[PDB]
Amino acid sequence: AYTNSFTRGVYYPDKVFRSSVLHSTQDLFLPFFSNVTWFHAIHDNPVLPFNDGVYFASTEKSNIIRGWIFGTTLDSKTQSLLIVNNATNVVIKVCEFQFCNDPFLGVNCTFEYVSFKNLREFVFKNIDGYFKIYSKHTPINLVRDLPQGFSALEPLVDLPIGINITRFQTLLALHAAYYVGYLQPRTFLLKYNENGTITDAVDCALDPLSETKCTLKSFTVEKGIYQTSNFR
Amino acid sequence: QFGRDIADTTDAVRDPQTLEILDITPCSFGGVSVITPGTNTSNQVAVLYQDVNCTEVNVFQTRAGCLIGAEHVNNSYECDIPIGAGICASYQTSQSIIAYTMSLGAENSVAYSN
Amino acid sequence: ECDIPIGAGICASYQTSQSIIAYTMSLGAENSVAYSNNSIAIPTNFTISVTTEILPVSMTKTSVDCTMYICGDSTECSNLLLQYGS
Amino acid sequence: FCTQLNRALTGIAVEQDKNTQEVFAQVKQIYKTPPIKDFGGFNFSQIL
Amino acid sequence: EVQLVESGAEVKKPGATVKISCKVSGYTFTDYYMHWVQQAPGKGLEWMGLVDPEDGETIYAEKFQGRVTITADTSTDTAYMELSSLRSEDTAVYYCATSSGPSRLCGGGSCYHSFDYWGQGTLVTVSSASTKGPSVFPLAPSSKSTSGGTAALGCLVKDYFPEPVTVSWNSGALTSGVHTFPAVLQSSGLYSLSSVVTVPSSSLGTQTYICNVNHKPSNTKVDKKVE
Amino acid sequence: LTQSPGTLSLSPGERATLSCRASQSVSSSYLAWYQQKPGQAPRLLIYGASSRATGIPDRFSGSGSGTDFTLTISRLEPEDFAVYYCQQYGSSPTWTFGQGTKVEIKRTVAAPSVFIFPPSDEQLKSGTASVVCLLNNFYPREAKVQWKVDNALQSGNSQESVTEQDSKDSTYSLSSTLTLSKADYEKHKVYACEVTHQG
Amino acid sequence: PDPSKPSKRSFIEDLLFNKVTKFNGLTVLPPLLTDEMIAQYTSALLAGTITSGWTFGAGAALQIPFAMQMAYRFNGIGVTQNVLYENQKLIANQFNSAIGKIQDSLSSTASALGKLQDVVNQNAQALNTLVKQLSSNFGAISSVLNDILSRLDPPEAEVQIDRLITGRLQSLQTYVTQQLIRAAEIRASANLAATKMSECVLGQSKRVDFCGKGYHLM
Amino acid sequence: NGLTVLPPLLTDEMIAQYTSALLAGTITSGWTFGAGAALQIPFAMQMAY
Ligand SMILES: *[C@@H]1O[C@H](CO)[C@@H](O[C@@H]2O[C@H](CO)[C@@H](O)[C@H](O)[C@H]2NC(C)=O)[C@H](O)[C@H]1NC(C)=O
Ligand SMILES: *[C@@H]1O[C@H](CO)[C@@H](O[C@H]2O[C@H](CO)[C@@H](O)[C@H](O)[C@H]2NC(C)=O)[C@H](O)[C@H]1NC(C)=O
Ligand SMILES: *[C@@H]1O[C@H](CO)[C@@H](O)[C@H](O)[C@H]1NC(C)=O
Ligand SMILES: *[C@@H]1O[C@H](CO)[C@@H](O)[C@H](O)[C@H]1NC(C)=O
Ligand SMILES: *[C@@H]1O[C@H](CO)[C@@H](O)[C@H](O)[C@H]1NC(C)=O
Ligand SMILES: *[C@@H]1O[C@H](CO)[C@@H](O)[C@H](O)[C@H]1NC(C)=O
Ligand SMILES: *[C@@H]1O[C@H](CO)[C@@H](O)[C@H](O)[C@H]1NC(C)=O
Ligand SMILES: *[C@@H]1O[C@H](CO)[C@@H](O)[C@H](O)[C@H]1NC(C)=O
Ligand SMILES: *[C@@H]1O[C@H](CO)[C@@H](O)[C@H](O)[C@H]1NC(C)=O
Ligand SMILES: *[C@@H]1O[C@H](CO)[C@@H](O)[C@H](O)[C@H]1NC(C)=O
Numbered sequence: 001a002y003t004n005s006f007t008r009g010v011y012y013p014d015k016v017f018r019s020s021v022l023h024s025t026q027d028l029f030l031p032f033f034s035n036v037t038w039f040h041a042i043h044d045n046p047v048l049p050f051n052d053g054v055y056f057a058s059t060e061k062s063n064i065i066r067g068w069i070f071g072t073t074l075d076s077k078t079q080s081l082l083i084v085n086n087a088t089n090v091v092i093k094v095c096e097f098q099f100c101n102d103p104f105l106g107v108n109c110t111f112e113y114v115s116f117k118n119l120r121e122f123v124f125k126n127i128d129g130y131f132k133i134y135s136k137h138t139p140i141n142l143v144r145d146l147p148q149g150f151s152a153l154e155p156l157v158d159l160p161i162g163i164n165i166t167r168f169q170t171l172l173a174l175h176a177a178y179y180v181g182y183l184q185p186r187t188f189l190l191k192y193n194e195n196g197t198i199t200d201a202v203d204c205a206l207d208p209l210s211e212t213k214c215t216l217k218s219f220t221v222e223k224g225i226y227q228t229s230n231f232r
Numbered sequence: 001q002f003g004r005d006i007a008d009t010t011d012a013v014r015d016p017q018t019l020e021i022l023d024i025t026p027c028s029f030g031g032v033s034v035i036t037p038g039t040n041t042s043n044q045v046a047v048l049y050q051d052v053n054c055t056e057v058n059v060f061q062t063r064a065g066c067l068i069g070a071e072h073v074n075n076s077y078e079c080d081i082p083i084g085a086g087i088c089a090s091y092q093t094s095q096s097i098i099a100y101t102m103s104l105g106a107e108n109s110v111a112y113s114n
Numbered sequence: 001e002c003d004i005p006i007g008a009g010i011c012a013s014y015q016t017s018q019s020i021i022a023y024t025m026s027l028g029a030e031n032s033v034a035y036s037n038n039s040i041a042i043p044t045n046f047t048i049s050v051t052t053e054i055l056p057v058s059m060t061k062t063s064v065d066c067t068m069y070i071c072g073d074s075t076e077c078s079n080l081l082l083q084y085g086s
Numbered sequence: 001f002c003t004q005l006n007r008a009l010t011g012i013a014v015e016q017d018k019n020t021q022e023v024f025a026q027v028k029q030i031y032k033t034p035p036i037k038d039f040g041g042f043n044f045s046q047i048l
Numbered sequence: 001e002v003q004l005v006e007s008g009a010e011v012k013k014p015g016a017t018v019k020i021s022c023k024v025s026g027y028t029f030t031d032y033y034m035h036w037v038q039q040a041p042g043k044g045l046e047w048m049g050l051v052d053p054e055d056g057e058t059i060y061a062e063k064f065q066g067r068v069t070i071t072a073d074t075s076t077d078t079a080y081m082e083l084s085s086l087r088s089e090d091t092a093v094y095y096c097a098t099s100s101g102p103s104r105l106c107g108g109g110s111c112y113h114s115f116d117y118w119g120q121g122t123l124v125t126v127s128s129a130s131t132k133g134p135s136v137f138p139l140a141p142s143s144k145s146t147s148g149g150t151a152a153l154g155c156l157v158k159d160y161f162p163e164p165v166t167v168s169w170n171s172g173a174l175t176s177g178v179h180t181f182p183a184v185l186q187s188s189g190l191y192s193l194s195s196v197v198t199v200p201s202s203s204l205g206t207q208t209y210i211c212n213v214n215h216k217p218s219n220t221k222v223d224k225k226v227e
Numbered sequence: 001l002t003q004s005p006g007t008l009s010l011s012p013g014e015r016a017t018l019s020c021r022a023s024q025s026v027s028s029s030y031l032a033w034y035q036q037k038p039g040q041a042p043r044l045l046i047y048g049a050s051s052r053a054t055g056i057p058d059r060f061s062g063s064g065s066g067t068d069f070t071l072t073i074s075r076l077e078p079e080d081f082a083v084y085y086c087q088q089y090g091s092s093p094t095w096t097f098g099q100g101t102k103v104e105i106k107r108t109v110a111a112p113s114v115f116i117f118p119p120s121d122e123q124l125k126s127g128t129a130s131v132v133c134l135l136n137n138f139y140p141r142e143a144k145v146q147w148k149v150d151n152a153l154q155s156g157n158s159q160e161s162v163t164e165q166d167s168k169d170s171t172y173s174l175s176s177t178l179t180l181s182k183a184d185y186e187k188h189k190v191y192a193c194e195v196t197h198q199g
Numbered sequence: 001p002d003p004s005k006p007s008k009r010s011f012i013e014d015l016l017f018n019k020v021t022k023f024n025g026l027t028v029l030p031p032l033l034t035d036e037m038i039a040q041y042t043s044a045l046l047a048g049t050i051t052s053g054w055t056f057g058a059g060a061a062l063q064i065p066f067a068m069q070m071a072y073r074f075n076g077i078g079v080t081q082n083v084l085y086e087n088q089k090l091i092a093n094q095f096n097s098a099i100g101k102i103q104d105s106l107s108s109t110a111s112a113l114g115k116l117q118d119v120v121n122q123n124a125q126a127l128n129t130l131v132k133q134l135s136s137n138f139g140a141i142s143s144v145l146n147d148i149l150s151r152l153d154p155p156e157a158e159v160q161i162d163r164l165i166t167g168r169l170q171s172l173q174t175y176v177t178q179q180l181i182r183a184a185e186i187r188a189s190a191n192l193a194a195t196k197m198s199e200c201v202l203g204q205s206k207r208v209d210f211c212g213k214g215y216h217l218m
Numbered sequence: 001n002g003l004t005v006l007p008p009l010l011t012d013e014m015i016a017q018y019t020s021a022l023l024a025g026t027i028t029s030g031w032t033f034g035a036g037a038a039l040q041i042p043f044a045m046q047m048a049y
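Protein chains in written order, with my numbering: chain A, 1 to 232; chain B, 1 to 114; chain C, 1 to 86; chain D, 1 to 48; chain E, 1 to 227; chain F, 1 to 199; chain G, 1 to 218; chain H, 1 to 49.
Just chain A, same shape as in the assembly:
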């Protein structure tokens, strides 16, 4: 099972306001028009690789998808991150858990913390073991694919936990669609509007027109011939 990322999964790269400007950052982003693996809650929660980092999304009824586990082998040999939502409340732990044969939220803890229309979106980065979580939530009309569109994900948390993650898994409301994409180090040109929200982006490695847009630091390109790169 697979679906297309489209232009989903850009996020604010740093804690800075910018406005009416185009800023070319390079960071771990979900590549434009890449595939994302597609799974179900019911009618399929195996461990997945984490690689350099994850984009995770869900189109769902309401709060069927509820959390995630991150670690190496999920079997108490080292610390392992757990993130949970119950009713209104976010809950987080990192203990050396031995997880169940099939973990669900049924209807040595070095860090712990608390705080048919739904698209959840998230990005998880673990550079130098610092677990950075970005997110967005939006209304949607149908719950069985990613929508073609754009909205930038904003920061929620930075966990300074230092863990060497290689795998992850989701947690869900057993007594409905979720999607996974992988980040890569890419130059993106980001359009910050008048109000300092990112409203559009160009993946500068997607196609030659996107190299041209990024060579010019511009989303409009006038007629011409542009020396965008040198190949070898």
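Keep in mind the hints are simulated off the structure, nothing from the lab. A few of these clues could be false.
Stated by the list, open to error - Now the stretches of chain C that chain D is said to cover, found in silico as 3 or more residues with beta-carbon under 8 angstroms:
| hint | segment |
| --- | --- |
| 1 | 33 to 40 |
| 2 | 58 to 71 |
What the hints assert, rightly or not - For each label pair, taking beta carbons as the anchor points, the in silico distance ranges come out as:
| hint | chain 1 | residue 1 | chain 2 | residue 2 | range |
| --- | --- | --- | --- | --- | --- |
| 3 | G | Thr42 | B | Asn114 | 23 to 33 angstroms |
| 4 | G | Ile77 | C | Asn37 | 24 to 34 angstroms |
| 5 | G | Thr42 | C | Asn37 | 44 to 54 angstroms |
| 6 | G | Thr42 | A | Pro155 | 54 to 64 angstroms |
| 7 | F | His197 | E | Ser143 | 20 to 30 angstroms |
| 8 | A | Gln26 | B | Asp23 | 21 to 31 angstroms |
| 9 | E | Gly44 | F | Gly66 | 21 to 31 angstroms |
| 10 | A | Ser19 | G | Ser142 | 44 to 54 angstroms |
Idealized CB from N, CA, C, for every residue including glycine.
Since the structure of chain A is already known, use the hints to place chains B, C, D, E, F, G and H with the ligands on it.
Below, chains B, C, D, E, F, G and H with the ligands alone, put in the same frame as chain A:
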């Protein structure tokens, strides 16, 4: 937490206690041109603080800056020493440094008919 | 006519269904002038044409103060910059 | 520094076509000479 | 692999209501959205509505709003649709379809909405007419038939309702050179067609001919001789 | 949605290009093309404005830019005698079809052979009449009927005709019924039908 | 000129003004002549040329009727002056109509000003590049001078600030060198423009294609 | 070492085809092909001008 300009410097900031948003404008600066007739003509000088407002510094504001020690006049001579934005200055009549809007030439309505 | 130049006589254009095309540029229409040792052409009328020409004359009078650009308020930097002389 | 070196050389290179175009492209039609060279005795054949 | 298997064809008056259905096989029925789509005779298609076969959440197209209704069931793996307070323009093909395969099973590896699969197309007729058998008239060329002139010769099958009519020649012994025209609803509000033999009376099968005409909705058979 | 042409044909082994267009009220990559042989249910050929459905031939191809989106069919075949539809979709749910283009392969030109049947007596003895005109073996698929007695009768509102039906000859056909009462048929002394095609 | 306006520019001068478009020691000095003073010089060159022909270049503006000045300008292209007087209504309509099409060109086509807008873009690009070069490290531990002075004591801070001075001084030398080469390109265009004022405006030019295509009138 | 030579837009053959047009215009029509369309004139009379 911060605003940013082209130089990678703070265009604005958020206060860590009251959490209001403050612009940063750099404190006023500019050149200090000295307008002089030659020392062989006089030791008197006028000073132009370029691009400032005279409240920040016989004082006269021009689009070129605050001009100090030049007598503003409503006459208009040929341009002697150029200040900018149509202003020139000269040593003229008791002689003082004057500052004036430069004259482009004498006016002439040409006696045209068919 | 040459729309986008590519080089070595090649140009490209976007044309019909539309695609980018590449072609050897045309320099102009060929015209055999009707010469003979006893023929002259004399214009029997005329057109007054006004043709615009645009020329740059000046450019923005920037000035960048070296010490304020390089150092800006630092006395430590301003002292190091004096070792580089004039 | 490196992007403004590539820009400066590219502005020179695009100008060399402008320099060449402004000199030679002063003619709107490709005029061509007749089959018969009845030029009153003058012989352009070395320059035609 | 995947199959969508619809109801039989149906017939109603203006101001009545019709029901359509579609049994589904070869994929986990819940996991692909169910859709209903309409097509007037030989025309472009139009969408009617959708339902989630997992949850019964349904939404409807503007052109058929209030007139349409849709539902689905997971025990029978089946979808159902109603069209109500009918008009003659509701004479159409109707289709069940799906749109959202997580793997588009035997259709694509990475998915982007569109339609995955379709049912065979349920036919519907809406008319002022009531069920009636054909009248069959034998027909031949020019001012009376002639043995070489019958390079076309035929029958007209008039004022029957509903469809189908099916035709054969010489009790099914003649198929060579036979041609039969499209069934047309006439100004009566009833169907009619013509069938013809494209070979003159120069053969043992053409020195006389027979239109063997049949209408399933009344079990009618007619064996109309032609000369 | 705008779609063009209304119908298109050219020789086998050549190309046919179709366009689909709208305001940006519906989305760019949420665009797909469907083939329909008349009488079958439609089938998805192109999705993502540009991908092929599995097992559909590599000579079918989509592309688009800004407001204009296209199917090109190439290396044309007898299979291509079908109606092709774009559809386009958006975040606000509207699964929206195009006007449809009837595709064909170009054929040998053929003027219609024509016949007329006046009523048989058993029809007239049934209080009623129908004069039948047959046009057959024609291409382009374009031949037309004009009833006459032998001057003019086409203006009679009781006339009907089928469309240009295909045949194994690689040529098209139709029939017209001029239906009348016994009195209305017997009002004229001969019946005739006359024909327009490529002229 | 147009008295309906706060700066008295002509109708065509207002089109030309509408169709053309950090503080790290950067300053912009005003020009000596204001755009109103420039428009008062172009007014005087117009009003000289119309009322007196080339004679205001040679000495005092000798008035002459514009149709007789145009008849001199015809005699200066080798067309006998009666050809103007006998066609004066036609030649006047061709002039008026051609000035009409100049407005339509400039009103519709902003890329007509492409030389002036390109100069404005080259200056703006060079300033934006010079300002953006303050963000560069040049091999210092930070590109912000105030970071180094908050973090490091002087014996180790000077090693970082010497790298910033070397890069920032080299990015000024690069900017000023390219402004000197660009200023010379503008100076050659101003020397050409001053030559066309003298020869095309204050005179009538025999020089082929110097004052537009065709035989120059004015 | 990253050094490259880009070709000119006009080939030497296109440049030689503009000099051909400038020659043929100059010989058959005098100065007139600069001002307007090329007006033919006999070369003997163009030199007399
Ligand atoms: C020379 O050309 C001008 C136009 O370029 C001619 O004047 C125009 O003639 C046409 C046709 O008669 C009219 O419709 C226009 O109204 C005229 N005026 C203008 C300003 O275009 C003139 O008649 C021509 N003279 C010769 C020598 O043929
Ligand atoms: C024009 O000049 C050329 C020499 O520059 C004359 O000679 C050329 O043409 C002749 C044709 O028969 C040849 O016999 C000569 O060998 C050839 N010379 C060269 C160097 O090409 C030519 O006759 C002159 N034309 C006229 C009409 O007098
Ligand atoms: C949610 O989980 C937390 C775990 O700390 C628990 O204390 C709390 O009672 C739970 N329920 C709600 C509604 O927060
Ligand atoms: C906690 O760490 C100690 C370290 O000695 C180890 O013995 C123990 O098994 C760990 N407990 C869990 C829950 O992993
Ligand atoms: C910008 O902010 C204002 C005030 O909140 C709002 O009215 C406007 O719609 C916003 N525009 C965009 C494009 O976000
Ligand atoms: C800091 O203190 C003031 C006064 O007690 C209070 O208003 C403000 O909200 C506090 N800010 C933070 C970030 O805690
Ligand atoms: C120097 O100044 C005197 C008056 O103070 C004047 O007479 C003389 O001409 C001046 N000479 C020059 C060269 O300026
Ligand atoms: C100068 O400052 C005063 C007080 O802020 C203000 O009224 C005036 O308008 C200013 N003028 C300029 C040209 O800055
Ligand atoms: C100069 O002109 C201003 C108006 O422009 C006027 O207010 C002022 O009184 C004048 N002063 C003199 C000395 O002429
Ligand atoms: C996406 O996945 C398909 C299989 O589902 C594969 O054939 C294709 O190459 C992938 N494309 C990209 C852009 O990764």
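Going through the hints against the structure:
Chain D is given as covering the segment 33 to 40 of chain C, and this holds because 4 residues of the stretch bring a CB closer than 8 angstroms to a CB of that chain, at least three being needed. Check on the segment 58 to 71 of chain C: 0 of its residues sit with their Cβ under 8 angstroms from a Cβ of chain D, so the three-residue criterion for coverage is violated. At roughly 24 angstroms, the beta carbons of G/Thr42 and B/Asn114 sit within the given window of 23 to 33 angstroms. For the hinted restraint 24 to 34 angstroms between G/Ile77 and C/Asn37, the CB-CB distance of approximately 27 angstroms keeps it satisfied.
Checking the proposed 44 to 54 angstroms range against G/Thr42 and C/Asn37 shows it holds: the Cβ atoms sit about 50 angstroms from each other. Remark: the range hint 54 to 64 angstroms for G/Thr42 to A/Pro155 is upheld by a beta-carbon distance near 57 angstroms. At roughly 25 angstroms, the beta carbons of F/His197 and E/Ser143 sit within the given window of 20 to 30 angstroms. About 29 angstroms separates the C-beta atoms of A/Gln26 and B/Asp23, a value consistent with the hinted range of 21 to 31 angstroms.
The hint said 21 to 31 angstroms for the Cβ distance between E/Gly44 and F/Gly66, and at roughly 24 angstroms that hint holds. Separated by about 25 angstroms at the C-beta atoms, A/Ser19 and G/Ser142 break the suggested range of 44 to 54 angstroms.
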